[PDB]
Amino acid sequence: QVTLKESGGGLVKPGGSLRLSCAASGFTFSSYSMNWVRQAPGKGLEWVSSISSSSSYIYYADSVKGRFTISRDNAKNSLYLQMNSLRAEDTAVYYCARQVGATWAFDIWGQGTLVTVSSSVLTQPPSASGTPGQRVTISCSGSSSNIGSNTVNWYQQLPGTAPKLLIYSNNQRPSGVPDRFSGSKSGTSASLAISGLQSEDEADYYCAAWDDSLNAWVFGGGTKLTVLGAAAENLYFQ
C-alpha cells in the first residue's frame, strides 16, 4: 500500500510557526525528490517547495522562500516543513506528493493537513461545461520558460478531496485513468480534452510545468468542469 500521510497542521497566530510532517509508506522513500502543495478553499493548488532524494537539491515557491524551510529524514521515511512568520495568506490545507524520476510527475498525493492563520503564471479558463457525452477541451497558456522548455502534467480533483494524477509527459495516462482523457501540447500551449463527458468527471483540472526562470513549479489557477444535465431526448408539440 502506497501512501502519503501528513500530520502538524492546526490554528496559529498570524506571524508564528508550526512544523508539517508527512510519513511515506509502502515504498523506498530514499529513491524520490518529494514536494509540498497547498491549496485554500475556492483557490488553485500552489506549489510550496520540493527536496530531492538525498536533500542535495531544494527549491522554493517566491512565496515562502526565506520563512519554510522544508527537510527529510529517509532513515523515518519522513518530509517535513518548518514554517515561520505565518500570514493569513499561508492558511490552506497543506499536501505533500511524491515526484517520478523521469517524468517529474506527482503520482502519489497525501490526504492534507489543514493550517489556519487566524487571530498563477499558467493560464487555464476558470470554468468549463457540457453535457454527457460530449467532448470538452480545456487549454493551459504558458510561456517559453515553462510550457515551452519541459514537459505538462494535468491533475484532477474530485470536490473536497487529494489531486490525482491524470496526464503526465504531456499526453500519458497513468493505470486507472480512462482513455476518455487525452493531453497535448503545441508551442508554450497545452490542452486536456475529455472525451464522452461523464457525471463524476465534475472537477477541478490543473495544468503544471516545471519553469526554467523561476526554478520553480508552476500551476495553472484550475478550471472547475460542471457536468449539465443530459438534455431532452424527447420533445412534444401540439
Second form
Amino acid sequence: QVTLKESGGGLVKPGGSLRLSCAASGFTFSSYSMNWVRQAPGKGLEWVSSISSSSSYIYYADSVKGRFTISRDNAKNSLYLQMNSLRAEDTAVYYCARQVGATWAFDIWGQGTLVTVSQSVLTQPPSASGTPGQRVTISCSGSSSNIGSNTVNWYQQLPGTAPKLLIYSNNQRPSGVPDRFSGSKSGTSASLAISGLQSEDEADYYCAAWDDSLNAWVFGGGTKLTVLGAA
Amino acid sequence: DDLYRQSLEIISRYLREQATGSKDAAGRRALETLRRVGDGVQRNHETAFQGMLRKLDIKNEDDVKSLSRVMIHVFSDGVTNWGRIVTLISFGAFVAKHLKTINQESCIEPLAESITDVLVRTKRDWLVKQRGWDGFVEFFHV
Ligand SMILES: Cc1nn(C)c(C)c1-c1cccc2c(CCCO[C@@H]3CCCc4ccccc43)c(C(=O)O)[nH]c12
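Form deposited without its partner chain done, so how does the form deposited with its partner chain bound look?
Time for the whole complex; same chain goes first.
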C-alpha cells in the first residue's frame, strides 16, 4: 500500500496564509524527489514546486516565486507547502506526487486538497474523438529546451479522479497499463496512441517534460477524449 | 565551490576503504549507494578492468600522475550517464587496490583528486542538471 495523502486545504481571504501537508506511506521517503501540482476548477494541470531527497535542489513555477515555500521532514514522512500572500488565481485542488529517480515520471499521486481564495508551454489539441475499435492519436508540441532535450510523460485523468501515470520515458508503459496505449517522440514533438478504443478510455490526457531554460516542469493544456457510438 | 569539495570527500573516502578493507546527510546516503553499485560494477567488468590495469602498467608515483591523460581521453569519448560515472569511480577503486599490493598507498589520495578533477571539470553542467549527489542516490534507489 504505497500512498500519498494531502491535508490543509480550506477557505482563505485574499492576502491570507495557509499551510499544506502531505503524508507518505509504504516506501523509503528519504530516497525520492517530491512535487506539488495544482488544478483550478474545470481547468488543466499546473506544476507548482519540487524538492530533492536531501532538500539541496528546490524549483518553483514563475506564478508562485516569492509567495510559496516547499519543505520536507524525512523523519515524519511529510512534504509541506507554505503559502503566503494568497491570490484569487491560486484557487485550486493541490496534488502531492512522487517522482522516480531513473525516469522523473510522477508514478504515485494523492487524492488532492481544495484551497479556495475569496498559456502552457506544451500545446495539445483541445479535443479528440473516435468509435470502439478505432485508433486515435493525441499530439504534444514543445521546443529545443523541453521535449528536444528531455523525455515525455503522459497522464490519464478519469472524471472526478486524481491523475495517474499512463506513459513514461516517451513510450514505456508501467505495470497495469494495457498495451492498447503506446507513445512516440520525434524532434520537439510527441504523440500518444490508443490502438483500439474502449469506453473506459473516455478521459482527459496531459503530456509533460522538464524545461532546461525555465528550470521548471511544463505540462500540456490537455485533451478531452470522447468515445462515440457504442451501446 | 561546494560541488568540487563534496565530490572529493565521497570519492576519496570510498577509494581509501576499498584499499584498506575497513569502512568508516547527503554524503552519508551517496557512500551507501556507491558501495552497493560500485562493488557490483567491479564484479561485472573484472575482465575489462584487469585488461586495462595490465595495459596501464602502474608501478610508481610517476605512472599515477600520467593516468590523468588516459582518463580525460577515454571518459570524454562518447555520451555520459550515471553508469559511466560509476564505472570511472569503480575502476578508480580497482586501481587503488593494486596500489595497496605494490606498496604505493601514498598514491591513493592524489588519484582520488585526479578522478574528482576530471568528473567536475568535464561534466559540471550535466551533474547540476541531474541534481548532483541527491540525483545519484535517487537514480540507483531499489
Ligand atoms: C575499455 C572498457 N571496455 N569496457 C567494456 C569497459 C567497461 C571498459 C572500461 C575499463 C576501465 C575504465 C572504464 C571507464 C571509465 C573511464 C575512465 O577510465 C580511466 C582510464 C584509465 C586510467 C584511470 C584510472 C582511474 C580511474 C579511471 C581511469 C569506462 C567508461 O567511461 O564507460 N569504460 C571503462
